[PDB]
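Encoded as structure tokens, the following chain is the form deposited without the ligand, with no partner shown.
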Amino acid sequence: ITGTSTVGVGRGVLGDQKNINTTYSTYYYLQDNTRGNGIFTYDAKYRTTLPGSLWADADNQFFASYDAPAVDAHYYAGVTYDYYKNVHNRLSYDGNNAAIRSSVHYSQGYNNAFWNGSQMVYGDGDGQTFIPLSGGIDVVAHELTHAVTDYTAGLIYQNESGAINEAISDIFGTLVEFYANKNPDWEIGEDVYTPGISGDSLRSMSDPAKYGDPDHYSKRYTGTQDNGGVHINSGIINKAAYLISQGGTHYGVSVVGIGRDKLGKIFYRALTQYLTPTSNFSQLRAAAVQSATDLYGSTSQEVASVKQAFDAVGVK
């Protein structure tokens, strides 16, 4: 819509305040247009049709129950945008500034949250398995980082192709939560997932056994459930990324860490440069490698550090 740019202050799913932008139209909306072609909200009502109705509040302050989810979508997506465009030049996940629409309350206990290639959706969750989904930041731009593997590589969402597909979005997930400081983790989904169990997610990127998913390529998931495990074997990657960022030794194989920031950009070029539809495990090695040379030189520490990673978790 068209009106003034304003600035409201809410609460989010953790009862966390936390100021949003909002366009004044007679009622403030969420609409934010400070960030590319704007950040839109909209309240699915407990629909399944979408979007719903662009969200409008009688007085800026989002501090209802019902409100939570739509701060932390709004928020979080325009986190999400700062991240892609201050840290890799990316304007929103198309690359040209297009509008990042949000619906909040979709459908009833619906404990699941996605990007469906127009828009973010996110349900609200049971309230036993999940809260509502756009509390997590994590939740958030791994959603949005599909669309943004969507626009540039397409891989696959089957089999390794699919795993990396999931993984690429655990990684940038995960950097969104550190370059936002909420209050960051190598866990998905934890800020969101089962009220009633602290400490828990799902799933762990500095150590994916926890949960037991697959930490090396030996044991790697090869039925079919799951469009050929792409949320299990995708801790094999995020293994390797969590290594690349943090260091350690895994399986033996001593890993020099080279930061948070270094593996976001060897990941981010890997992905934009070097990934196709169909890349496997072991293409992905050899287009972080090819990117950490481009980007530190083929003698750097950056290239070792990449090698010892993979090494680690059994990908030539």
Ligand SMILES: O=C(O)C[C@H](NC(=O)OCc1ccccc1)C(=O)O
Given for the second form:
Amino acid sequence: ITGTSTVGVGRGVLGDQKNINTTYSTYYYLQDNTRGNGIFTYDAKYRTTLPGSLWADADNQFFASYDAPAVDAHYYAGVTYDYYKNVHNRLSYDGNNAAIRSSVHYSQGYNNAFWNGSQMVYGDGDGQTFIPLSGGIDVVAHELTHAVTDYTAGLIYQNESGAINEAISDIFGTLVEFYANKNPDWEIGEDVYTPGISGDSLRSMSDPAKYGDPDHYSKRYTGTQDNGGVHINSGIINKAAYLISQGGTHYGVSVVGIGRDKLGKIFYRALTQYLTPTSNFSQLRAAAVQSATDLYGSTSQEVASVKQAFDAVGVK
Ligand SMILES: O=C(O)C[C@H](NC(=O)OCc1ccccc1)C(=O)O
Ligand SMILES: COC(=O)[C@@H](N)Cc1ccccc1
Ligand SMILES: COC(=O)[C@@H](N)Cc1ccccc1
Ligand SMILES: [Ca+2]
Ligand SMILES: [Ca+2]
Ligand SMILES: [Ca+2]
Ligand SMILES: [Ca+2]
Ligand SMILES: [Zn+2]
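Moving from the form deposited without the ligand, what structure would you give for the form solved in complex with the ligand?
Let's see the whole complex now, leading with the same chain.
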């Protein structure tokens, strides 16, 4: 839309009030002109045709139940943009301020979210397994991070490269969650998962085994399901990332934590300089070691801790 930049107010999926950047031209649109070439949020109207209709509102107030997933998709896309710009000097997912597009109300009872190669897409959930998936900042940032990966390393979504692709999205989804600094944790999707059950999530970085995912290469899934275990074997890398940041002793191997900012710097550099579409876990270890060496020096604690973390998860 060509219009005037405005600021609306609304409530997200969890009932929290927030301001959102909109555009006025007859209607108020979920179009944020303040970030790159724009952030745009669409109504899929319970169908599967994408993107749907650019979100229009008569009064710039977004307090209806129907509005909530749109408010959060829009707002959290903005936060994620700010993370990548302010923390990594990256302008949108392509590094050149590409427009960021999201659609909400995708399909009916849809317990998923995704990046379709061009935009983010969020189901509303069935109300049992999930509530609308844009309610989770880690979910939103997970999805935008797929776009970042696709434009950078281009990790093929199968087997080990695919599990790295997934872990990169969990890692940066979590780092974005810490950036926004509202109830941050090392768990994935907790804000929108199982409204009837307290304290659970879909995946855990701190203890992947909590939800059945491997936390050691010896436990890797070797079958055909889930594109060769991309959401399963991600646990191995997620655990390594958690260890690098927070430290711990895992399977008898002790890791000195170097904190989340350095974790993000190391992995952002590995992703954008060293990984390739076919990188496997061993190559991820090498990429991370090289990135830490570039940033902190070969004799550094940071490099030492990256090595210990990959040792701890059995990745040589
Ligand atoms: O099925 C797919 O490939 C899309 C998958 N989506 C997915 O699992 O939807 C829910 C969710 C997303 C991120 C964090 C927690 C929950 C993905 O993005 O990897
Ligand atoms: C068979 O997969 C399952 O039952 C899933 N709930 C994963 C899981 C496995 C083991 C422990 C906890 C969770
Ligand atoms: C339902 O998917 C899950 O629970 C995931 N934790 C993947 C998984 C499935 C089965 C066994 C182990 C891991
Ligand atoms: Ca309204
Ligand atoms: Ca949280
Ligand atoms: Ca989380
Ligand atoms: Ca829950
Ligand atoms: Zn993913």
